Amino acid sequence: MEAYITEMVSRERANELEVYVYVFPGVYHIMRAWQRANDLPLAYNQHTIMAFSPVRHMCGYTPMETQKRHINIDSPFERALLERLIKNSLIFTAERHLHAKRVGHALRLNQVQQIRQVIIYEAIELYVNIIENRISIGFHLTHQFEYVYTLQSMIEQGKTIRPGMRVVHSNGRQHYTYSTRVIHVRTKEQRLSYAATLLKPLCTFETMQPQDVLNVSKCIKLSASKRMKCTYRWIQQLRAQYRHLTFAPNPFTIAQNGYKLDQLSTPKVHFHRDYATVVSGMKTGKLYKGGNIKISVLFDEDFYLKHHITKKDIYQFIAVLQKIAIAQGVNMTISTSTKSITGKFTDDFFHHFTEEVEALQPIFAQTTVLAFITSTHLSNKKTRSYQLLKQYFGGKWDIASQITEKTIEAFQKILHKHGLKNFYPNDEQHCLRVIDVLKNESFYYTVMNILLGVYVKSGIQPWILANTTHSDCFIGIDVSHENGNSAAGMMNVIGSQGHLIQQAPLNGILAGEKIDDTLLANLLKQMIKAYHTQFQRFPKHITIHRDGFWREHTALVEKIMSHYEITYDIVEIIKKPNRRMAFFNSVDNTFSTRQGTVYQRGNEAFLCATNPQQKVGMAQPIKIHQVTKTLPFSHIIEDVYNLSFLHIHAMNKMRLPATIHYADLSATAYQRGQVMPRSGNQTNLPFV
């Protein structure tokens, strides 16, 4: 049982390697010509070319000087140039002595399986870094899709083609997506057309026939022991034919990479008592902060004409929700203004939505709206009911909203199977039977997810963290880019235990792709004033979480926040680090992954936070970086892990911590004009 990482560190140092350096008065074509003529791995940066071996054929270009030298480790220019040379030499050593082809951003290896005109290829990606005078090489394994035939098969052998189809030109190095017959095709609107014997059709999931996406998906889900044993079996074959660097016989363990192993424990949640599991008291507990909710029902008549479900069947569903809500300490009352709008939400109302939507505002104000729109009307690209509802109900008038035919049909199929078809509204001793049949099966999670989405949008806190963290205030920041527009993702967590989780009441529209200084200052000041409002005292420490890389002004975070004599940390959280971690079991020769595992090396860490099943895939590690050093890094990791269990919006555990997950959701929603600011002191998460 040893901890394994998909990285290695070379025995040689950055200063133990001698290289040849040429400097010329950008210079891509010189390197290209030298590489073509000499058949040797070269690398270039700005106006300097570096290699491991001298160039024989000079290609008529004169440098100022030639050096057979060691690099200068105190400069970043010669550490960036060298990191590309090992990569290029490894690619060179992969193309020869191994049948690999540099396609896109990866190295296609070989065909593993063909599924009815669909070919799957294995591919690998390599990364080189220079850290602390050590050369680190990381590697990742992926797949690639291709179609067997080309435009010839759609011209010859019958068949035909139609305009708008996406085609792929793959000339080896990189591919573009757009002599018997010439077919025009354009994506950049620049005229181009040529032979239809090498343009293939695109192989994405969306443009793929059924019975394939069901079998092309079982050939990319390698559980834990076939994604890892196959990644190592190729690097260990590339090693045997690489001469410029040397490694240990087993360079994949974390000890060879200088990592430290930490095993975090499962937190506890508090609501009227201490519960070990988040899903342990939702069945048998009382919510931490209850209250009163006035719900509304928006019923569509297309839900009846096309699907044999009567409006009354909506109210024997709500009555099941309320009977569950009276337990846990929540009061739901149906608004009385919905009786004057009977027979109004017809099909023409969805075709004509913008013109006749204002008059709905008075009858839905100060309530929570439950929409029962059809799946088609939400998914259709003409009606676009979901986007309009989000943009009007929440984005304009600030009312929370939360069901298609699949849910109701599954509920009624369950009811019919159990044989209960009598009245289940305003009838005790029978709603309990419906609740019992709902339990012991998987629709209970659907019911509780709906209930939790209603609660968190109504201002109810379902639970907090039983124990206390090492920080006081948590701030989550995120940026979303779409169609040349950027949206910020401010998010506030007040209390060490996670007492009050809300969204910063700030205008998240950004002129640029980064947060302005004034916005950051206002965010910090409002965070301080909101923690003071609830706890009557100023916070002692604050930990800022940033999704991605910290690009803001670090010198300004302290300029205002020192003035309050409060300590702070800045943390970067990276999703998709393009690495994997495992626990190899020598006795059984099988890989596995354990939740709450940390690999630590200085101010950087890899964390495992999820436990997916065999058929879903393999867990994705998270990367944690600490820009500051005010607090121990272990206490930084512990807070990131514990904060991930505060998924009060849903009932299924999420991977990222609460701040950044809700920051991403808030940025996505507020990019689309679906959320508007609301000052207050309650748990407000409308975007979910």
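Residue numbers count along the first chain shown, from 1. What we label the rigid core is the largest C-alpha set whose atoms superpose within 1.5 Å from one form to the other. What changes on going to the form deposited in another entry:
Core superposition between the two forms leaves every listed residue (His532, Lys615, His307, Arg233) with a C-alpha shift below 2 angstroms except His532. Relative to the superposed rigid core, the position of the CA of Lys289 differs between the two forms by less than 2 Å. When two forms of a protein are overlaid on their rigid core, residues whose CA moves 2 Å or more are considered shifted, and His270 is not one of them between the two forms. The rigid-core alignment places the CA of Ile515 2 Å or more apart between the two forms.
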Second form
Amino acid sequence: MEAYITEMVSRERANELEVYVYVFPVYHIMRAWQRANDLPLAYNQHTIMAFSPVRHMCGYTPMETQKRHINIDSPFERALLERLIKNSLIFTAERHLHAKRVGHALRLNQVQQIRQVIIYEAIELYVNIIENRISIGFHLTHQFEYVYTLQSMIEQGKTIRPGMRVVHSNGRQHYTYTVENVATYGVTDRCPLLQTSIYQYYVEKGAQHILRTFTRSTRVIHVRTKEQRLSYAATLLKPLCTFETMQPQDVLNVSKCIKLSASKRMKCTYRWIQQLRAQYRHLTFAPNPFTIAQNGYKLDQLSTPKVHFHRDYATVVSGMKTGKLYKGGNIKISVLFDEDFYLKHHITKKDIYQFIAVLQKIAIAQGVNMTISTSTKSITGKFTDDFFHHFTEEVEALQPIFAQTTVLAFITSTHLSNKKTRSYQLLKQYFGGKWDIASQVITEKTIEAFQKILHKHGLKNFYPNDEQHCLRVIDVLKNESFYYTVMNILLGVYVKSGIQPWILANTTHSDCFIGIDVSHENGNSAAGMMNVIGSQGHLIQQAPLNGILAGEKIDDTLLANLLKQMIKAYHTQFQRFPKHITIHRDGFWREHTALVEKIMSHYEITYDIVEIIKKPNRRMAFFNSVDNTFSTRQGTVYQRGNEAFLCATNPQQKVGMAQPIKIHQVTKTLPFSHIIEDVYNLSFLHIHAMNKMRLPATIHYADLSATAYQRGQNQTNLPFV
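Alternative state: the form deposited in another entry, after the form deposited in one PDB entry:
This part shows the chain on its own.
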């Protein structure tokens, strides 16, 4: 009943390894040496490192050669030794375990074949030197390949098209290409760039077992990558297998296969790692090197925080069941009903308004009183099927109608999804973007589910302005699974109209939180800076944060202005300066710390900077020796120095296994345990959803805001539910 991680710590030391170093005044030298000598090597700017002497120099003379130990005071040599260890492990895996290097991973034995789709297990490896100790980390994954070549595809009657991505796969070979155009040259005719025919090229390079499969019926396919413009036969190329291109039935089955439980995933990972280390011999490990005791980690268990609605509650769900919201008020809603509901799915405006009435009756028990606007009688029927085909042309005149209100847009899913209409994108970029008008979209699927559940019980006649019937519907929905759908819709409306459903019951150790998230994509790098002003969970402001481009560091001046603005916002809304500010960064802190120090020393505020890593590429679990099963516990921390792994979620077997979060503190103002607890506790502020998110609010809402900003979509401040 002990904790495990997917890491190993070597029993040697970084400076106790005897390595050979060559210095040149150099990729091609290393390639020639690997070709001639069959050894693992590594390179850097002008240095080559090896575990054994290189016999054949291939006509190259280094100035000096040493057999020695590395200097652990130089990042250069530590990185070089890490590369050498990684390459030696890859070399061992390729020779003694039958692995292949595909992309950045090692393909392993095939595990399942589903309708001309092959699933291969894979694994990827990481090497780091942590204070004169060598640590090896490893992650399991999956890969997919077809069975049929392009020659079989052209035989079956299909047509090859430009822009399709294809793969050349053999033993110890793997290459990725894009189809340019099918050529009519044929194998017999000489290829223009090849200076001869494909058959002649292969027979010069060795006929082997490839020319035997060649025949005059095969075709020649051009290939376009970068500028090389390769070209060869259709017998060797295969279409790429990826979840995007796979057929929906294959997508369903393959997704059902690559979603393994904790036990299967961890047992497979450890089985292959033990097989690999039975052949590796440059480093040694314990008989069981996978426990956290062997890795130097400390184990801590966190507890669930309490939340505040009007009294303290153990969980969010119970508080939402039988509580009143932290900050209620009045909400002015509207309706955007398209006649396509009635035309295609036989849903009338009367049923929509009965649904909205049930929403109002649910909301009134939570201290929220929302009323329908009176400007929904002039237009009557305006959102016809032709309206959505001219949304940009017909949207301008509707602004006075929907001014200062929250729009409940009832739009059919086809209009939202179809590329000709693009209802969701245009609706968001107009309402929330140009007019700052919140809106919650509901598709016909939700209303059809509601009607089906009504039909299951006694529908009767839902009279308008009837209390007994709406109370009965509320009671029947109380035990339904559609209840969470209703509650998520209501929470979205609340947050988009300035309602705060709950806060943290207890105050955090820090006084204020600032979250930075840069999500660089294409040629426009938008970002979102937050300020969770409360140590209780409140939000005060947000930032545009879009000048930065190409995902580099934030400019010093803009960062200075943004922290100044955030501090001023705290001072104005609290009438005092905060004692301590904790900064959460999404990714790696690449900003300049001197400006932060100067700015927050001018105001006499202590600060801490914390990095949160969304994808640590590691997995943690508890092994139960009695039953031989791996499990996971929410709120588990592995601690080593100023780095930690946190389990902040509890999924079930049908979806997979929990993803840990990695936390890294780069300052020393506060204890690390307090920082870990704050990160965990800010993840219970999912005021938009009934079920729990994994990241803390400072960066979850930051990534949502940045995503909204890139797409072009104290008053309302979180209109992105």
